[PDB]
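Next up is one chain by itself, shown in structure tokens, the form solved in complex with the named molecule.
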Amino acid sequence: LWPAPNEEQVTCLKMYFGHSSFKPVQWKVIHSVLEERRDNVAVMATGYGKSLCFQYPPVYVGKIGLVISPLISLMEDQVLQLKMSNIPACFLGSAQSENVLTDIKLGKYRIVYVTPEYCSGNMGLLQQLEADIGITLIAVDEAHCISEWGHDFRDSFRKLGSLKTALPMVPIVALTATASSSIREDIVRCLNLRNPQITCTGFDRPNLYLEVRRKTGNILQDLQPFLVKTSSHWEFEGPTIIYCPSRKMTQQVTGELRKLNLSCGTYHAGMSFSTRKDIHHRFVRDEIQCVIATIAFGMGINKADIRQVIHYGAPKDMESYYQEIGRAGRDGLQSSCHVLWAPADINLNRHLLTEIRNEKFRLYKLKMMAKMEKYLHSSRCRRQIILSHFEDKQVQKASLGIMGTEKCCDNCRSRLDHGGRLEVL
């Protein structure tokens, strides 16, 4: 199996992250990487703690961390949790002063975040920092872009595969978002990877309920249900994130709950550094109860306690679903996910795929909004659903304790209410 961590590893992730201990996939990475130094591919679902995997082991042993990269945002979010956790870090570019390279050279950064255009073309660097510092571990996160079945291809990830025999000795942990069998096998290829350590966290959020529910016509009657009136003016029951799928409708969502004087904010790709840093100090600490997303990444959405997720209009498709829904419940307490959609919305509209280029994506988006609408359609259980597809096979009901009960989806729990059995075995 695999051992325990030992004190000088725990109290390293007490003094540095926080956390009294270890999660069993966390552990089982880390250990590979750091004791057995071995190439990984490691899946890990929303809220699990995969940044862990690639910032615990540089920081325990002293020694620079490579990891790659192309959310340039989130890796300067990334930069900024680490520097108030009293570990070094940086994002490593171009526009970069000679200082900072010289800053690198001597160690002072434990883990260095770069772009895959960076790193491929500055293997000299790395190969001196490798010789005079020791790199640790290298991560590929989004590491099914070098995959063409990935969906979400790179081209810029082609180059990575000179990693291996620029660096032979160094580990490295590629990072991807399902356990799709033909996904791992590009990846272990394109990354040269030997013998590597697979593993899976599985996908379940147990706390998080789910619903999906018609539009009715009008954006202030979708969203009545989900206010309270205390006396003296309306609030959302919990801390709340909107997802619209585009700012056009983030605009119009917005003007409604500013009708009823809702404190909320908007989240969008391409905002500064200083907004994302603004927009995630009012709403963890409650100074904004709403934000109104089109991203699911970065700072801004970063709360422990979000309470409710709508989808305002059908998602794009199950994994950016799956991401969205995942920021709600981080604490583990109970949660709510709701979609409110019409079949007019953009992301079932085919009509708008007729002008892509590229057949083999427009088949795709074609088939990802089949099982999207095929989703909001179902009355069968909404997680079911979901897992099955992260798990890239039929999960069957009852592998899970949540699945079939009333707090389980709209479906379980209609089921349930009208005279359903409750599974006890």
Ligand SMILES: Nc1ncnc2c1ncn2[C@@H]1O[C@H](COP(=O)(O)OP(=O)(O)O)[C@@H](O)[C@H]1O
The other form holds:
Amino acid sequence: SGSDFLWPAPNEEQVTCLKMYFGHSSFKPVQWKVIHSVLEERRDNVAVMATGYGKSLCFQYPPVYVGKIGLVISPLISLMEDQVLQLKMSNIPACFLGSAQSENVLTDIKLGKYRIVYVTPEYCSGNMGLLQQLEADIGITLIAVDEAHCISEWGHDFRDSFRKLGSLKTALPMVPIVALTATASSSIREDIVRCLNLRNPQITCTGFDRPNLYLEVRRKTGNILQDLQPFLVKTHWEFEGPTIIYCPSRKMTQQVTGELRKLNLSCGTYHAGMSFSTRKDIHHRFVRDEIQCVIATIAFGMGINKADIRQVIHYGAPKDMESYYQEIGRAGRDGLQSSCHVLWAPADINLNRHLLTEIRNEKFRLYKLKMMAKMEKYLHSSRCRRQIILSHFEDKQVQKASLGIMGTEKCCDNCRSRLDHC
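Switching forms now, from the form solved in complex with the named molecule to the form solved without the named molecule, please provide the structure.
Nothing else is written out below except the one chain.
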């Protein structure tokens, strides 16, 4: 909560604002990433949130914190009016601006008395000069475009009223745009970036429970082949399916690869010491199944994009929950059943607090120590693995919306253990 597991850390005024105006004790990680990128980098965002829950804070918090104006563009009239009501209940001045609004409300908006102004895309397109005046006189913290996938002619819910939003960025090039959508289509996402003319946006995709990922944590034996043989099938050996093994160091990547090659397994390594071309080559041979297993040290699994990854193994404790989340999310993109196993020991590199002693920035040292503790608590836990992840990353509505995976044999090792004999 507060500033605990977030870097850069929210400052005390930011936490106070969150408590006082939104009634929350913590930012979720994606919410902080959006908010911070807006406040400090003035950066465009595309935020895909699978359920739609949790997006409001991303565009409401920044203008409230800095005391300026946020514009929210949406076609969902009744929901916008609802949100205006809720804001005013929290002492946040907000209004829904349209043609029928009085010149006194318009003057109040020009005077900066409203933190959050909701408009339809049609009104917005008809009143660009007003928006520019608000930017010149007060400063627009961000423009939020909800239902942003509606700008795409390739999607099923295109609205003509969204086309003209392409001019926001040319009329207001310094104002960040936060485009929000629930649609998990990569091409719709690219279309949003293109049609809104966003500039190097931060792109985030969150809000999933990933029902086809089975989660398990096992202790290491200390013998690499003894540890990995359960993931192999014999008669010669091979992996059960395409596999990524994440290792915390290049030395361990080389050790693991050497051991697996003793069994003539088709492997490739993948780390930052390689040329961009060499890593592309390994990625391509993995995609076409010339290699069955990639052993990698690259953070987040960046660049390992393959539809049918059936197994992810973390060989050693992961670095922290954010890297773990990104790295196992690489699995099972085709929707078929996959498994994500961590093999760990308390002596693992990513749990060695002595490696943090020399950090000079006190706030960063605390962040790294908190992230180690949180990772270790996950690995040692008896609780549902998926519930731990969703509680850390998602707000409570997302967790409650999850249906049909948690508590079943397909969810995780701890859920399985609570169904079997205990």
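Residue numbers count along the first chain shown, from 1.
Comparing the chain between these two forms, the hinge between its two rigid parts falls at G202, out of the candidates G202, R189, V100, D392.
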